Amino acid sequence: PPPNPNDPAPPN
Amino acid sequence: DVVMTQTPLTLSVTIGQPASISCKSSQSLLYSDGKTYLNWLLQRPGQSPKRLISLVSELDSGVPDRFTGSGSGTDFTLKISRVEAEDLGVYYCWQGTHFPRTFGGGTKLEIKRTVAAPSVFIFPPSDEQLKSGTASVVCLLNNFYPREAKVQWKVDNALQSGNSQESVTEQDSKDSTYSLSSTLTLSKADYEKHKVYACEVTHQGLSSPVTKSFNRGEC
Amino acid sequence: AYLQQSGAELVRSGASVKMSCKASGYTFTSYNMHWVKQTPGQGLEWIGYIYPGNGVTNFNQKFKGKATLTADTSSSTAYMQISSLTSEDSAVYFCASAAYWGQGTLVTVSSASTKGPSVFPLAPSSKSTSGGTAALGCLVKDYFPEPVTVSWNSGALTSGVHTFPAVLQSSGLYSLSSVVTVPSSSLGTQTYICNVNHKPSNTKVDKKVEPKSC
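Quick note, the sequences are listed as chains P, L and H, same order.
Residue numbers 2 to 13, in the entry's author numbering, belong to the letters of the first sequence in order.
Residue numbers 1 to 27, 27A to 27E, 28 to 214, in the entry's author numbering, belong to the letters of the second sequence in order.
Residue numbers 2 to 52, 52A, 53 to 82, 82A to 82C, 83 to 95, 101 to 216, in the entry's author numbering, belong to the letters of the third sequence in order.
Hints were generated in silico from the structure; no laboratory data involved.
We treat Cβ as the ideally placed atom computed from N, Cα and C, and that holds for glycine.
Any given hint could turn out to be false.
[Said to hold, decoys possible] Far from chain P, some chain H residues (derived; all Cβ distances over 10 Å):
{"id": "1", "residue": "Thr28"}
{"id": "2", "residue": "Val56"}
{"id": "3", "residue": "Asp144"}
{"id": "4", "residue": "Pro149"}
[To be verified] Here are the simulated distance ranges between beta carbons:
{"id": "5", "chain 1": "P", "residue 1": "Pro2", "chain 2": "L", "residue 2": "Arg39", "range": "23 to 29 Å"}
{"id": "6", "chain 1": "H", "residue 1": "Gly133", "chain 2": "L", "residue 2": "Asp185", "range": "46 to 52 Å"}
{"id": "7", "chain 1": "L", "residue 1": "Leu201", "chain 2": "H", "residue 2": "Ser188", "range": "27 to 33 Å"}
{"id": "8", "chain 1": "P", "residue 1": "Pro2", "chain 2": "L", "residue 2": "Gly68", "range": "39 to 45 Å"}
{"id": "9", "chain 1": "L", "residue 1": "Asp185", "chain 2": "H", "residue 2": "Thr131", "range": "25 to 31 Å"}
{"id": "10", "chain 1": "L", "residue 1": "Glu213", "chain 2": "H", "residue 2": "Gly134", "range": "22 to 28 Å"}
{"id": "11", "chain 1": "L", "residue 1": "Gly16", "chain 2": "H", "residue 2": "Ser113", "range": "21 to 27 Å"}
{"id": "12", "chain 1": "H", "residue 1": "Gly133", "chain 2": "L", "residue 2": "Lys188", "range": "43 to 49 Å"}
{"id": "13", "chain 1": "H", "residue 1": "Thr70", "chain 2": "L", "residue 2": "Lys107", "range": "28 to 34 Å"}
{"id": "14", "chain 1": "L", "residue 1": "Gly16", "chain 2": "H", "residue 2": "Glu212", "range": "43 to 49 Å"}
{"id": "15", "chain 1": "L", "residue 1": "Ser27A", "chain 2": "P", "residue 2": "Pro3", "range": "25 to 31 Å"}
{"id": "16", "chain 1": "H", "residue 1": "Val163", "chain 2": "L", "residue 2": "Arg108", "range": "30 to 36 Å"}
{"id": "17", "chain 1": "H", "residue 1": "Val163", "chain 2": "L", "residue 2": "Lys188", "range": "45 to 51 Å"}
{"id": "18", "chain 1": "L", "residue 1": "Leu201", "chain 2": "H", "residue 2": "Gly134", "range": "57 to 63 Å"}
[Said to hold, decoys possible] For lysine-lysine, the following PhoX-like pairs were computed, each having C-alpha atoms within a straight-line distance of at most 25 Å:
{"id": "19", "chain 1": "H", "residue 1": "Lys129", "chain 2": "H", "residue 2": "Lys64"}
{"id": "20", "chain 1": "L", "residue 1": "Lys183", "chain 2": "H", "residue 2": "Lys129"}
{"id": "21", "chain 1": "L", "residue 1": "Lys149", "chain 2": "H", "residue 2": "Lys117"}
{"id": "22", "chain 1": "L", "residue 1": "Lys188", "chain 2": "L", "residue 2": "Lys149"}
{"id": "23", "chain 1": "L", "residue 1": "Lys149", "chain 2": "H", "residue 2": "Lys129"}
{"id": "24", "chain 1": "L", "residue 1": "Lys188", "chain 2": "H", "residue 2": "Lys117"}
{"id": "25", "chain 1": "L", "residue 1": "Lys145", "chain 2": "H", "residue 2": "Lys129"}
{"id": "26", "chain 1": "L", "residue 1": "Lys126", "chain 2": "H", "residue 2": "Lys117"}
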């Protein structure tokens, strides 16, 4: 399973 | 900025003891996607941090199930069901919901264990260094507990001051002990003025002080 | 998976430094790549991130216009450039993404010339035996700045090693010891070589540690 994020990715 | 307050500052625990660390944020960590971005890290000295938990409660792959994370809003907790020797280090929480990203101040987890006496060793200066005009003598105290130890240098039975430096390792992740290295440094001219070089070690695991010594030229 | 950072740097006041973070074992473009400062003895301070999927950056206001963050997706490598360095910028710098942290890059801001270490044996003898074991080591003396790396037997020896924190000598140069405990029985058949690397001076030294007769 891919790791969970630390924090949300930014929008594009 | 959102401030992350961690308590306690230090946890002193025995093997097998449960442990709990609190992280409180100054503002809610709920993000607009419904997730709460709260991470826990463990750092060992001279090593990098390692992530243990993300999204408040989700253990990373390979992290033992003795670790659990809980909380919501502003109040978060990392618990260890039973502490093992390898759990020592500095724990940090950090929040991923707000800008700037911010970290707690850290909680240092240290292991208490039985008293262990040092193994004591001494090393004369090398011919290579003597050729350069200096003499360093090293006294080594290996794998002792607690960290407090006294090293006294003596030269022809005269107590030295002012010509030595020492340093202590971090606590060991397997046996929870410390080690210490002390270096006495003299010019070659001063070194050759004396015969007996000794280090005397006092430690709670020793029934009386231990002296290691050598005679210059013989050793 | 892993993040591999570039080696330690000595840089002059007012100059700039560029360091790298090579990623493997997770999707580099799917997670923010963070950079984090640690002054030794202290906590962690966030500098900024780049998201490699689209290049977007976000910074701590303290570091805006000081730090530049980039990401090369063809090589899965992130970079941080810090400009106008001052004494307060000497620190370890980490990259961090997904479940991983890099091992840190130590930056020393100083106008002093680099100096490589001298390496002296800590020879085993009847005065360095305890309970049938023997200790031996290397004294790594008179270098600047930190760090040195010490391995033993080209990395084939790791058990029983203590590489101590360096001390600062009154000359302003560092000194450290690295020691190992081994069987006394095999000092005549085994070879012990300490391998010392000091990147800022491009110095490598291998020193064979042989027993004393005493």
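Checked hints:
In this structure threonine 28 of chain H is not separated from chain P by more than 10 Å, as the shortest Cβ-Cβ distance comes to only about 7 Å. Not every CB of chain P is more than 10 Å from the CB of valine 56 of chain H (nearest about 4 Å), against its label as outside the interface. Once the 10 Å rule is applied to beta carbons, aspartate 144 of chain H is consistent with being away from chain P; the minimum gap is 42 Å. Listed as outside the interface, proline 149 of chain H is consistent with that label: its C-beta sits roughly 28 Å from the nearest C-beta of chain P, beyond the 10 Å cut-off.
The hinted window of 23 to 29 Å between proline 2 of chain P and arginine 39 of chain L holds, with their beta carbons roughly 26 Å apart. Taking the beta carbon of each, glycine 133 of chain H and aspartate 185 of chain L are about 34 Å apart, not inside 46 to 52 Å as hinted. For the pair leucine 201 of chain L and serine 188 of chain H, the beta carbons lie near 28 Å from each other, so the given range of 27 to 33 Å is met. Between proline 2 of chain P and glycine 68 of chain L, the C-beta spacing of about 27 Å breaks the proposed range 39 to 45 Å.
As the Cβ distance of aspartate 185 of chain L to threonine 131 of chain H is approximately 28 Å, the hint placing it in 25 to 31 Å holds. Separated by about 23 Å at the C-beta atoms, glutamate 213 of chain L and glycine 134 of chain H satisfy the suggested range of 22 to 28 Å. Remark: the range hint 21 to 27 Å for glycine 16 of chain L to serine 113 of chain H is contradicted by a beta-carbon distance near 52 Å. Separation of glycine 133 of chain H from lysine 188 of chain L is about 34 Å and departs from the stated range, judged on CB atoms against 43 to 49 Å.
A beta carbon spacing of about 47 Å between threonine 70 of chain H and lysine 107 of chain L contradicts the range 28 to 34 Å that was offered as a hint. Look at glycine 16 of chain L against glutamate 212 of chain H: about 45 Å separates their beta carbons, and that is inside 43 to 49 Å. A C-beta distance of roughly 27 Å is found between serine 27A of chain L and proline 3 of chain P, which places it inside the suggested range of 25 to 31 Å. Look at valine 163 of chain H against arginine 108 of chain L: about 21 Å separates their beta carbons, and that is not inside 30 to 36 Å.
Checked against the hint of 45 to 51 Å, the pair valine 163 of chain H and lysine 188 of chain L fails, with Cβ atoms roughly 35 Å apart. Between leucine 201 of chain L and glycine 134 of chain H the Cβ separation comes to about 19 Å, which falls outside the hinted range of 57 to 63 Å. For the given pair, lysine 129 of chain H sits about 57 Å from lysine 64 of chain H by alpha-carbon distance, which is inconsistent with the 25 Å threshold. This hinted pair checks out: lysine 183 of chain L and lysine 129 of chain H have alpha carbons roughly 21 Å apart, not beyond 25 Å.
Between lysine 149 of chain L and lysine 117 of chain H the CA atoms are separated by roughly 32 Å; this puts the pair beyond 25 Å, and the hint is violated. Restraint check for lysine 188 of chain L and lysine 149 of chain L: the C-alpha separation of about 14 Å stays at or below 25 Å, so the hint holds. With a C-alpha separation of about 16 Å, the suggested pair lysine 149 of chain L and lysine 129 of chain H falls inside the 25 Å cut-off, and the hint holds. For the hint linking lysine 188 of chain L to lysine 117 of chain H, the alpha-carbon distance of about 31 Å lies beyond 25 Å, and the restraint is violated.
Distance restraint check for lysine 145 of chain L and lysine 129 of chain H: the Cα-Cα separation of roughly 19 Å lies within the 25 Å cut-off, and the hinted pair is therefore satisfied. Taking the CA atoms of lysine 126 of chain L and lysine 117 of chain H, the gap is near 20 Å; set against the 25 Å cutoff, the hint holds.
Checked against the numbered hints given earlier, the structure breaks hints 1, 2, 6, 8, 11, 12, 13, 16, 17, 18, 19, 21 and 24 and satisfies all the rest.
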